[PDB]
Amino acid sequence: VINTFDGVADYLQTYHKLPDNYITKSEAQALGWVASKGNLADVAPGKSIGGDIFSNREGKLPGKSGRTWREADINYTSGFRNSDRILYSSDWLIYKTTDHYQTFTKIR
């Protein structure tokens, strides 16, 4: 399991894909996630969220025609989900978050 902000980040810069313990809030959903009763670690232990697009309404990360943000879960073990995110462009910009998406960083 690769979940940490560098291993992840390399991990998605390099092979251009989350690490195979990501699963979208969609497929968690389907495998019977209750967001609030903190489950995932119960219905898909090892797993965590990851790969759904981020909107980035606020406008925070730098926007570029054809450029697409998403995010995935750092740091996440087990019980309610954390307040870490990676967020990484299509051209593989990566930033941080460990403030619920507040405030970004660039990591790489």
The other form holds:
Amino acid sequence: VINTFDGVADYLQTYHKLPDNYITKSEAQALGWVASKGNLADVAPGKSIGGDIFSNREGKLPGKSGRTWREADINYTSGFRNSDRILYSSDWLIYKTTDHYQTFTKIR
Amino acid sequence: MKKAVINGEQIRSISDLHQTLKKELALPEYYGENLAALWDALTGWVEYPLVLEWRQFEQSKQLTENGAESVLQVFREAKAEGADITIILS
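Based on the form deposited without the partner chain presented above, generate the structure block for the form solved in complex with the partner chain.
Then the entire complex follows, led off by the chain already shown.
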């Protein structure tokens, strides 16, 4: 499992895809995930939510026609989800947030 | 069968709206109180089915500078993607 900011950022930059321990919200749901239950680790051991589209509605991340953003959970092991996320664009800009999207830090 | 009520005439700011949603939807304590956080909570935290009753919407729209609309939009987009959410605009 690779689920730390640098590990995932480096992986994204190098292979242009998230590590194998990531699955989208829909995929997790199909495995029996129920957010309010906090059962992700129970129905999908070792997996973290990640790879879903990030709308960037408030324009805090670099916006540009053609560029699409996606996010992934960082530092997640089990139980309810935390406030840590890595945000990566289609042209591989990488940012992180540890305060549930209030502030972002560019790391790549 | 989660239920959430927003008394629009009591909302005096966008942060007022987020604090209300945090309570009504039992959002995480780390709730970011922004649109990305709301989208995240609606699609990866909140319990369903959910009924959101937004009263005096227009009044809340005035005291939030249209921010009230952007919040409603998130709820509507979450439903559009599958979230079992019933919105009641009174």
